[PDB]
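Novice: Take a look at the letters that make up each chain.
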Amino acid sequence: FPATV
Amino acid sequence: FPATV
Amino acid sequence: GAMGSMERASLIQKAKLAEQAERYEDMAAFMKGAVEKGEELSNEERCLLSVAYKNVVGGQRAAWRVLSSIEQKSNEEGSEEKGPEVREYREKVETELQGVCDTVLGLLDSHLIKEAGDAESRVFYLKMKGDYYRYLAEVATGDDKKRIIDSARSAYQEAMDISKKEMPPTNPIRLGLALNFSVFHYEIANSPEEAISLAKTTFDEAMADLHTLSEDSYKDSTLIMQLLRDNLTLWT
Amino acid sequence: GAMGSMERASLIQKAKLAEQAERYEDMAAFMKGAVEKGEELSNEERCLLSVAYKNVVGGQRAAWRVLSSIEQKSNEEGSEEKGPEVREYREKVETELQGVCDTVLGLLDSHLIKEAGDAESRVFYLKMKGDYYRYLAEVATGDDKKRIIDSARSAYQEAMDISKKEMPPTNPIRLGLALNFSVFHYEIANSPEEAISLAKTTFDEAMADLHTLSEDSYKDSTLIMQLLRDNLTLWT
Ligand SMILES: *SCCNC(=O)C(C)(C)Oc1ccc(Cl)cc1
Ligand SMILES: *SCCNC(=O)C(C)(C)Oc1ccc(Cl)cc1
Ligand SMILES: [Mg+2]
Ligand SMILES: [Mg+2]
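Chains as they are written, first to last, in the entry's author numbering: chain B, 591 to 595; chain B', 591 to 595; chain A, -4 to 231; chain A', -4 to 231. A prime marks a further copy of an entry chain.
In short, the hints are calculated from the structure, not lab data. There could be a bad hint or two in this list.
With a straight-line cut-off of 25 Å between C-alpha atoms, the simulated DSS-like cross-links for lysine-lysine are [stated by the list, open to error]:
no.: 1; chain 1: A'; residue 1: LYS11; chain 2: A; residue 2: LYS77
no.: 2; chain 1: A; residue 1: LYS11; chain 2: A'; residue 2: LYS11
no.: 3; chain 1: A; residue 1: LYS77; chain 2: A'; residue 2: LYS160
no.: 4; chain 1: A'; residue 1: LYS77; chain 2: A; residue 2: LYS32
no.: 5; chain 1: A'; residue 1: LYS87; chain 2: A'; residue 2: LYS109
no.: 6; chain 1: A; residue 1: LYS87; chain 2: A'; residue 2: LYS32
no.: 7; chain 1: A'; residue 1: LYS160; chain 2: A; residue 2: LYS32
no.: 8; chain 1: A; residue 1: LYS11; chain 2: A'; residue 2: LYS32
no.: 9; chain 1: A; residue 1: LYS87; chain 2: A; residue 2: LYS140
no.: 10; chain 1: A'; residue 1: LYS87; chain 2: A'; residue 2: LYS140
no.: 11; chain 1: A'; residue 1: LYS11; chain 2: A; residue 2: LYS68
no.: 12; chain 1: A'; residue 1: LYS11; chain 2: A; residue 2: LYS87
Okay, the calculated beta carbon distance ranges per label pair [stated by the list, open to error]:
no.: 13; chain 1: A'; residue 1: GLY78; chain 2: A; residue 2: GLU17; range: 54 to 62 Å
no.: 14; chain 1: A'; residue 1: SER105; chain 2: A; residue 2: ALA(-3); range: 43 to 51 Å
no.: 15; chain 1: A; residue 1: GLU39; chain 2: A'; residue 2: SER105; range: 46 to 54 Å
no.: 16; chain 1: A'; residue 1: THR90; chain 2: A; residue 2: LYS109; range: 51 to 59 Å
For every residue, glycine included, the Cβ atom is placed at its ideal position computed from N, Cα and C.
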């Protein structure tokens, strides 16, 4: 999965 | 901590 | 609420303890109680709220993905009928995830967003609103799926408009909003080109502003810039 | 019980799904429902029950230790009075941990142990009874602390007596019981010499029996033997 904050 | 199962 | 009798300051203190103990459900319940006191949140308190719910919903999303994968394989050709149990349990986790998202969205709508006037609070809350609609969109399949997706888009877009007018390109909240809206484009909206363009333009404009920053601000901004780069590497 | 309407087989199936999804609270609730159907558990089902509750209580114990350490530091000389919040939150986690232990002990007493006649079931359940009294002992401070410690000792001792009569020295349940009873001696009963003697004698007697085993049984037994060795290395 791609990075999120 | 010591190992337990 | 069960936290109605506890002092605001005590709820904040216990949220910090819960974080140290990795008790994120407790942390979220304490922060919900703090929000429900009705006062605005400080920058640190907004971070406590977001960390608590991000961890709770992140665990739910990971579990939902495991169960959804099992469910998909069970519905392939040649697979044995195992009964309704996989679907039921996936639905149970999904309903709990939706409940947490609804709770966060409820705190934002009653009444965090409407009292948030500074960019650093308002952008942060609108980003959260986009995030939690995005999590609802990840599991949505019904008549309202397009409206759920559009609710996420609309919240992210309002946050973006404010962030571009009111924050420098290196502001970590501006960067994190762009990171997540870019993921929304890629994963939710079937818009990989928009996702890539947003991540690249955000990265490049931040790069050009790093020269204005102290060493500590530089560390904060480059941390999020690396996440944009990581996603770009994944997508290209 | 909330699981009263779900089929036994469906509860077992969902416990396995919950394990795959690392949803150990769900796993424990499903296994509690399965136990409450009133039928005996198979070897695999006993493992599902023990894994679920071991993970739930293990997380509670880790959190309790974090909070207890903070509480101890707060009560040192020169520390600032932070109010009752650390104690309150430690007490909250402690009460939830005690509730889970009481639940497991309740399942064992109503009525798993009394219907367990084979060594592989009875030793396993009596070991669990010792384990959950041991977890209660870790947090105990009141009038009943010595009785809690003695309840753990008594359960472990009955399990040991059966295991020595009815199981080979390499049986993994016999080995795991000895491992945990040895930890009880070291951490709970202030008996490090007994802890070391038990771990060493158990290890040596298992070593001498490995020659009787298949490759797969050898792997199972040596895995637990290495844990005995690890504890001996820690303690000597
Ligand atoms: S708000 C929680 C503290 N911040 C963080 O954990 C990191 C990821 C380092 O920074 C950001 C979090 C959220 C945003 Cl919107 C921006 C930076
Ligand atoms: S019962 C859960 C499956 N078993 C295990 O996870 C390991 C640790 C490999 O084996 C044992 C668990 C418990 C006992 Cl009492 C003995 C072995
Ligand atoms: Mg649903
Ligand atoms: Mg107490």
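Novice: Please go over all the hints and tell whether each is borne out by the structure.
Specialist: Verification of the hints:
Restraint check for A':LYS11 and A:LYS77: satisfied, since their Cα atoms lie roughly 13 Å apart, inside the 25 Å limit. The hinted pair formed by A:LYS11 and A':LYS11 fails the criterion: a straight-line CA distance of about 34 Å is larger than 25 Å. For the proposed pair A:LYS77 and A':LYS160, the alpha carbon gap of about 42 Å is over 25 Å, so the pair is violated. A C-alpha spacing of about 21 Å is found between A':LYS77 and A:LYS32, which places the hinted pair at or below 25 Å, so the restraint holds.
With a C-alpha separation of about 33 Å, the suggested pairing of A':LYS87 with A':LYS109 is violated against the 25 Å cut-off. Distance restraint check for A:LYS87 and A':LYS32: the Cα-Cα separation of roughly 22 Å lies within the 25 Å cut-off, and the hinted pair is therefore satisfied. At most 25 Å may separate the alpha-carbon atoms for a hinted pair to count; A':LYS160 and A:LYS32 exceed this at roughly 63 Å. Proposed proximity of A:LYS11 and A':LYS32 is contradicted: the alpha carbons are some 41 Å apart, above 25 Å.
At most 25 Å may separate the alpha-carbon atoms for a hinted pair to count; A:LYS87 and A:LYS140 meet this at roughly 19 Å. Between the alpha carbons of A':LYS87 and A':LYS140 the distance comes to roughly 19 Å, so the proposed pair stays at or under 25 Å and holds. For the hint pairing A':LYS11 with A:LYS68, the CA-to-CA distance comes to about 16 Å; that is within 25 Å, so the pair holds. Of the pairs offered as hints, the one joining A':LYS11 and A:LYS87 holds, with about 15 Å between alpha carbons and a cut-off of 25 Å not exceeded.
Distance hint for A':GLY78 and A:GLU17: a CB-CB separation of about 23 Å, inconsistent with the stated range 54 to 62 Å. Evaluation of the 43 to 51 Å hint for A':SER105 and A:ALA(-3) yields a failure: the beta carbon distance comes to about 30 Å. Remark: the range hint 46 to 54 Å for A:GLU39 to A':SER105 is upheld by a beta-carbon distance near 48 Å. Distance hint for A':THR90 and A:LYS109: a CB-CB separation of about 38 Å, inconsistent with the stated range 51 to 59 Å.
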